[PDB]
Structures are given as structure tokens and as C-alpha cells.
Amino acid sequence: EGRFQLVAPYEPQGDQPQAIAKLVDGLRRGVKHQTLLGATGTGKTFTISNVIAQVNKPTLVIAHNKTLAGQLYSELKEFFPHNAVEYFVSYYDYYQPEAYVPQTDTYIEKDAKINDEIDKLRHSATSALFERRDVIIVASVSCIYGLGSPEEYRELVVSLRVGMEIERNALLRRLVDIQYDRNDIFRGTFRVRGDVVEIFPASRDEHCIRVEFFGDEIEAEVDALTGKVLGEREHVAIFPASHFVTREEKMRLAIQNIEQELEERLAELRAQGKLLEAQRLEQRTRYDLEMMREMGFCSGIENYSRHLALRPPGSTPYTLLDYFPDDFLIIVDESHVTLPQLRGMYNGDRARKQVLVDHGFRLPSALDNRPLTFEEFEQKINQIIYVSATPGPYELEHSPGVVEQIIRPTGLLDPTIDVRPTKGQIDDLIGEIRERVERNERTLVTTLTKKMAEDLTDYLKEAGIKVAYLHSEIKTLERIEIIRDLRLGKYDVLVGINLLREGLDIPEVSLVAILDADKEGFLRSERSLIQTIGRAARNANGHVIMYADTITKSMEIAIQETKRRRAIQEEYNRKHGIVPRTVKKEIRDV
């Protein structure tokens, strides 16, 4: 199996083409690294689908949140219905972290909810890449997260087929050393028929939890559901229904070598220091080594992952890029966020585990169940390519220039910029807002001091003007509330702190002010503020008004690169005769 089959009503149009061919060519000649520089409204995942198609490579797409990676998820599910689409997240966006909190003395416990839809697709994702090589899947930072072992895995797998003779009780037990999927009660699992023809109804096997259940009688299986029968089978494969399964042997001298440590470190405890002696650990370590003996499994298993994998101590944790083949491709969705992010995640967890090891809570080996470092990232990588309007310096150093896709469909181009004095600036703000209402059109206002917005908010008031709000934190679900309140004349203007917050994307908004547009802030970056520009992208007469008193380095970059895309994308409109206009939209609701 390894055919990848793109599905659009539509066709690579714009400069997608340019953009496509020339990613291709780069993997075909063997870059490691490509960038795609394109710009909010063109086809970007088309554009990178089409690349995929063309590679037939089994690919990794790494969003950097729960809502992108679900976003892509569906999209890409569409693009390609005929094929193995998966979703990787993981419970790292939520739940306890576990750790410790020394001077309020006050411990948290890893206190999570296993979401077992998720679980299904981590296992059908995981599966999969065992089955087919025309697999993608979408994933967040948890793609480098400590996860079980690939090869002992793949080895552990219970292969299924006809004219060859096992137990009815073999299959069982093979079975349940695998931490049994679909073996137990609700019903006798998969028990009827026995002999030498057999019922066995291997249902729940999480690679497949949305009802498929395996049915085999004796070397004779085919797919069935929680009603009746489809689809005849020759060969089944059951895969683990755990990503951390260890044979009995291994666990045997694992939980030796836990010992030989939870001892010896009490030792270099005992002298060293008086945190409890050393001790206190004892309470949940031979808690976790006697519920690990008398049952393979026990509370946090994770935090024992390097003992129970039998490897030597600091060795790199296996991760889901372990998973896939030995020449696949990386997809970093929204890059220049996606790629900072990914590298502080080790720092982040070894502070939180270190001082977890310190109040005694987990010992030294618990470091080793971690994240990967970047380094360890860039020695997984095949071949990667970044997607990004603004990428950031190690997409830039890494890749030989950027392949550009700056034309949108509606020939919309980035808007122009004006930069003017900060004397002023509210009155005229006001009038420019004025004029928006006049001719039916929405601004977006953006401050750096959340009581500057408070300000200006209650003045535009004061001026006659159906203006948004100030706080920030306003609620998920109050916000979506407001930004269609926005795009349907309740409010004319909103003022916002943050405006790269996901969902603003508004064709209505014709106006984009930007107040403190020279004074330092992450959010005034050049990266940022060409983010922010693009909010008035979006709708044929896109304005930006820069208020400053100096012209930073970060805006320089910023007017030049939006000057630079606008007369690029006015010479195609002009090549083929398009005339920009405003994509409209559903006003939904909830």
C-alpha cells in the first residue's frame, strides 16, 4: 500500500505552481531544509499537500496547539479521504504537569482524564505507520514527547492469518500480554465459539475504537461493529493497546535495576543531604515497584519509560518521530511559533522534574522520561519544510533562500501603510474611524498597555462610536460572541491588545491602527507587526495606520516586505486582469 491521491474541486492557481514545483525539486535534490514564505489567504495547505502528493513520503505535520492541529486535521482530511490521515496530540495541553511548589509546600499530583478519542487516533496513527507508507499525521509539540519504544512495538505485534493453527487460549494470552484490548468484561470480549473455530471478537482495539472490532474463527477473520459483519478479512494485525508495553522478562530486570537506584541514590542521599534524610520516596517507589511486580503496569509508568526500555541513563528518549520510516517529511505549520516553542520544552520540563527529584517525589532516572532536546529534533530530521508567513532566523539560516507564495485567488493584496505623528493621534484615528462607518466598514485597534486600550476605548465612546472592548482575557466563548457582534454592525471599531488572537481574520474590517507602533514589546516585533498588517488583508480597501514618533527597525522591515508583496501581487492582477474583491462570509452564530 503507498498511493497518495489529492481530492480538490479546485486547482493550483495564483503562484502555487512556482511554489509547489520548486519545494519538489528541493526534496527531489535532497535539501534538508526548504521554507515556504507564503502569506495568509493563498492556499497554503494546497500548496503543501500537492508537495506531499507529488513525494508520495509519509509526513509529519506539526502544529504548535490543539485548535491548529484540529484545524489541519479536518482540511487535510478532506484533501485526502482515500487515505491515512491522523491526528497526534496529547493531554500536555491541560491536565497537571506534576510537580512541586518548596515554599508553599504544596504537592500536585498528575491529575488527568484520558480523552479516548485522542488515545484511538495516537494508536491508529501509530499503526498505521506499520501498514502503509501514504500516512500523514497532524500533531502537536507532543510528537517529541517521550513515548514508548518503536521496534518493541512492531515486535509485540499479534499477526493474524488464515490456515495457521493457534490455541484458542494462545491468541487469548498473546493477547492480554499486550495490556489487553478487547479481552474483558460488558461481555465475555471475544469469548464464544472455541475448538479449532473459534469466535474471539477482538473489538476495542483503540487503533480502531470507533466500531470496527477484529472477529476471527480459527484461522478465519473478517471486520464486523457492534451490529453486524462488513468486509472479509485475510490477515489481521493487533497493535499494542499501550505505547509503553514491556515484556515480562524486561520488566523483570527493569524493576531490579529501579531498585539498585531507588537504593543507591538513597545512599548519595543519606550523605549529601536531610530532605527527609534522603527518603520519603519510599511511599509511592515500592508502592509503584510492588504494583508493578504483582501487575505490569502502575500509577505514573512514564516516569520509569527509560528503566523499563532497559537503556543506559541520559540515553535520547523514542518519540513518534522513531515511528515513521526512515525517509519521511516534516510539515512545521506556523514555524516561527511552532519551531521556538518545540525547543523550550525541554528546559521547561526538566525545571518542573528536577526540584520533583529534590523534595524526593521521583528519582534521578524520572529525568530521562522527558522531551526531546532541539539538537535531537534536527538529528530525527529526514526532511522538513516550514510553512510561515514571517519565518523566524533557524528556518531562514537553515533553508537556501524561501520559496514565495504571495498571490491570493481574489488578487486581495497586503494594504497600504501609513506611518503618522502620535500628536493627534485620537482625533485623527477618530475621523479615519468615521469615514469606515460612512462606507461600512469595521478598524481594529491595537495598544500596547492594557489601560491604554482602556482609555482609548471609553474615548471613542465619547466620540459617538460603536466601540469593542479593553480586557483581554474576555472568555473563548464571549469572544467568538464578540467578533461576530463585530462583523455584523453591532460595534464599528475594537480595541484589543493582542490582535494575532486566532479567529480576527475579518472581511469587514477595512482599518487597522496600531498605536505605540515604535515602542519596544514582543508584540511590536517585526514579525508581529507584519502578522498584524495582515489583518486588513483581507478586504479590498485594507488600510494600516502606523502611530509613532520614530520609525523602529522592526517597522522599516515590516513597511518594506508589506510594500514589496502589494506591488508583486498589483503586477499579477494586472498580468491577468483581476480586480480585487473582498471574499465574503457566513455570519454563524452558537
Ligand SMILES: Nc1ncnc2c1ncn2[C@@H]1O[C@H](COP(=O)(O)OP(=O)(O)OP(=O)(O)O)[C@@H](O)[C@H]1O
Given for the second form:
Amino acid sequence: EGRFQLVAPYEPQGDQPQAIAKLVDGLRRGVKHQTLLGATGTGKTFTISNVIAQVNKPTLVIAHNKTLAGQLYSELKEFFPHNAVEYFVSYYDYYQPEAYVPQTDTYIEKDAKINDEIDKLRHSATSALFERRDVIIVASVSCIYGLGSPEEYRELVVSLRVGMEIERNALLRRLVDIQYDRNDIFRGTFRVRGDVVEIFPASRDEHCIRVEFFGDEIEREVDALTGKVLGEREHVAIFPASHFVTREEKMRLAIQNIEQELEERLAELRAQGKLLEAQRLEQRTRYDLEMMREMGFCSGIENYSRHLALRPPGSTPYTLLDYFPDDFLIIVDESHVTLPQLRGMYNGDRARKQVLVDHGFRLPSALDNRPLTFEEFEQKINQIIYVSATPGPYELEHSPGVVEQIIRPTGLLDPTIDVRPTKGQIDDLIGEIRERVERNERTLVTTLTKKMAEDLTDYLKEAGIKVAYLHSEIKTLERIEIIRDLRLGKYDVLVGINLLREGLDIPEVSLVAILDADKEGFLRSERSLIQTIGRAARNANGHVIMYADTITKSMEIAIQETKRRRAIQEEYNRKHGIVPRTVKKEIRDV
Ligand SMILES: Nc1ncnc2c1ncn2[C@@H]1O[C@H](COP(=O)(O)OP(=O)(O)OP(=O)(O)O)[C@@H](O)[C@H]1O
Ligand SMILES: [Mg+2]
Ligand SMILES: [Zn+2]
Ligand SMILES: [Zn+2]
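The form deposited without the ligand done, now the form solved in complex with the ligand:
Full complex below, order starting with the chain above.
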């Protein structure tokens, strides 16, 4: 196939169209980097899907954390339910990276249970890229992680057609030769019928363990289930059950190589050191090899990825970006945060693994199993598009100007900003607060020190006001619980240090306080401030008060931009006759 079908209730509102089409044209004109500058709540996720469909290409949308990768998922689902949309994540978004604390001389094993759901979609994701051209995969920074080679996937593939002759025990083998999927057992798996005309209940294949069970009697091919039959076929494809699978003849040789190293490493470790003389690792190396020649896989296999692949030391790893057709597209959400973090992933891995090698719990060759370097990520790009309200210096210095999109569909507008002295700052912020309770409106405050927030909360309650918390990480459960508590009348105010903590996109909030605007901090930067400001644009009377003594260069930039931004949204509601009205949202249950 290969046709994108973009469903949707609305239509391009704001200045979406200018945006969309500008990007599009720019792909086509063959440009590498483009940056989308979209304000908060102006609808980026949607604008994006439009461009996607105009270029009919397959893409990976990299988000910077589990949750986000999630929202983007479902969202993009409602947009295209007739196309391929997968969710590539990993156990980096949870467990412990088998490390070692030397001082406390305390070891920590790779304790990570296989959470099947994950694996399920990891496999559907890979597969999809060799069948259709209409695929979409949302993923974490984790996509730049080492993975089995792709070619050795489009090779160990079981192409099933009609008219060809294969034993009833011949395919049963290429089948176990790929770490069998579900051809064993709560039964006999896929054993029945027999002869030249067999049965074979090829089930649990992860690439579609959503109960599909493919049956092929003397190819045959007819999608089934745990109940009854459905949907007809004449050509199927079965995929490996591991991303790190290898061919026997190759494994045989890898093993010898592993060995030459473990040997010749103890000789160099013998001479220089005496860290348990050198050895101690022999316990698991050898224990690992024995479990290897006996069975294709083993314990921490992944560690021997470079060796198994049969590629020279230092080699750059294989990644999900290598499974995408030669001309694909990558969307990077919240790019000013993602990018930087995905940058120092190699450094932190290398750091925590070199330790295990000095202490000797894995060998040099284990270093070769790592994430990409930022340059290795670069050399792999075909064409990208960065999305963010606060684009970083990288995107701007590589991109040819930006592509502005700053008009919300409701026609709401970035607040107005005030800046007042630190003297008498509290009795002032109380007065400007009482007045919001009298108009049924909520507030949000921010400090720098957890002892300044604390110093306030009480001061506030002692003023006769329903007030919020003072503790940063108050779980996530009770956390979502008190957000709900606010947009309801429970409280009128709310103090926090970090307000950029998602969930805080509330409409009943009309005023936002920034108590140490001119101080030093990450939470007081050109980018970070603008972002805190947008928390006051979910309303028709959004205002921001900045309490300070001086006007930092950061403060300046923010204010300057918000201004300009607001002007243009206003001259626009003019030409069109729109009166800004506050968004409404329902108030569910936790
Ligand atoms: N053209 C449109 N017509 C109607 N609704 C739209 C349109 N475009 C976008 N929306 C809406 O805008 C909302 C938020 O858009 P989007 O997800 O991009 O917010 P955002 O840009 O991510 O905000 P933030 O930067 O704060 O995260 C959604 O509720 C979405 O339905
Ligand atoms: Mg977003
Ligand atoms: Zn460069
Ligand atoms: Zn218009």
C-alpha cells in the first residue's frame, strides 16, 4: 500500500495553514532542518500530522519521556486509525542499568522483568517498516539504543506463499531457528492436521500478539483467533522473536572471538593489575559461554552484541533509525529539552559501564554496546523538523530561520507582564490575590528555595486564603489529585518551585507570580520564563507579575517576545471579529 488518510473533526484554524504548507514546500525543495515555532495551546500535534500526510513518508516521532511518548501516541491514533502507528519504548523508562557502587562494594544485577506489552509493540514497530510505507512510531530518547542488525531480520524472515512445498517439519525448524514464537506450549502450540496439508497455529508472535493467530494449511494463510476464523490471505510474513537473534554458523565463530578476548584480556589484566588479580569475571564469562553454545541466547546477551554481529571494535551500533527506509522523516517534540538530553546519553552509559570493566564484570567489548553519539545521530538524519515554543540554540543555528505559528483557535492571547519591587512584595501579592477570589479565579506562584515556598504557604493561609502545597515530589497520584482540587474551588492559590511540571495547563487560572525573577537558575532563564508565562494564557484575563530588583537579560527577552506575540494575536482578532473567550475543560475523577 502507501496512502495516508488523515481523519479530523476541526480544520486548520489559527495561522496553521501558512505554517503547514511552508514546511511542506521546504521538505520538497530538499532541505535538511526546519523549525516549527508554535506557541502553547496553538495546536502543534495537529498541524504536524497535516504536513506528514502531505509528504506521505514514514516517520519516527521522538518524545523526551515515557508519558509524553504516550499522549502523542493515542493522539496520532485518532488522527490516522487506518494507517500504521506503533509505540517503541524500552526498559530505560524504569529499571536499573546493572551498575556497581565500588565504595559500598555493592553489586546490582540487571533486574528487569519482561513487561510483554512493551516487547509486543517493539516487535510490531520493527515489522511495520518492511511491509507498508504508511507508518508512524512514537518513541523515547531510547530509540538511539543498540539493537540487532536489521538486514539480519529481513533475511531470517519466513516468507509464506501459496504453491510452494515445505515439509510439515521443515518450517517447524526455521521456526525454532528464530527463537520460536509460540510453537511449543498451554498446549501443543501449532501441532495438528499434518501431511502435505497441515494446520500449524502460528500464534503469539509479538508483532501482533493482539490475538491474531495465523493458520496456513498446505500453503492456507487465514488469520484466526482464540475463538473463530476471520480475514483471508495468500501471503504472510513471520518475524524473529528477538532483536538480537543470530545464525548458528555465525554464533559458532562469535564464540571463538569472545574467547580470544576474555583470554587475551586476562593477560593484559594479569600483567598490569591484580584486581582479584584480573579475573573474578571468569565466573560469568564462562558461565555465559556454556549457556550460549548450548542455546542461541542467554542471560545478558545484549552485552555480546558487537561480538555476535561480527563487527570490528569501536564500530557504531545499530538502531531503530537503521530500520527506516533511506528517505524518512523525524519529528522531535519539545526539541529544546529532548535534543540536549539525547545528547549526553552516550556519556552516562560509557561512564557507568567502564566502571564494571575496571572492576571486571563485563569486558571491553561490552562498551561497544551503547547508545549513539550526537554526531552518529546526525550522520543518520535524512530530513528533520523540530517542534517547540522555545527552540534551543542548536535548532536555530542549523535551521534557516523559523516557521511561526502563534494564533490559538480560541483566539486567546499571551498575557501582559508587570514588574514590581521586592519590598512589600508579599502584602502586594496578597491584595492582587484576594481580588481574584472575588472574581472566582485561581492563582499560581513560584519561588526558588523550598524554604521560601514554605515561608509563604503559611503566610498565605494566615492571610485567609485557600492555599496549595510546599513539597515538590508529592507522588504523582495525589499530585494529579490536587490539580483537580484546584480547578474546582478547593483552593484559590498554589505555590510550587517547578511549575513547568506537566498537568499545570489549567484554565481557571488568571494570575501567575514569579518571586525571584532576577535571580540565578535554570528555572529563571529566557526559555524557562516564557514557558512559565504560558501558564497564564489559558484565560481571557491572563496576567503575570514578576517581583524583582533588576531586569536580567533573560527577563528582557521573555517580556519582549510575549509582547510582540500578543500584539499580533490582537491585530488578528481585529481583522476577523473574534472576541477572546476562555477554554473550558471537564473535571473528571482520579
Ligand atoms: N485547528 C484547530 N481547530 C480546533 N482545535 C484545534 C485546532 N488546532 C488545534 N486544536 C487544539 O489545541 C489543543 C492543544 O494543542 P497542542 O497539543 O499543540 O497544545 P500544545 O501546543 O501542545 O500546548 P503546550 O505547548 O502548552 O503543550 C488541543 O485541545 C487541540 O484539539
Ligand atoms: Mg506538547
Ligand atoms: Zn553542524
Ligand atoms: Zn484569515
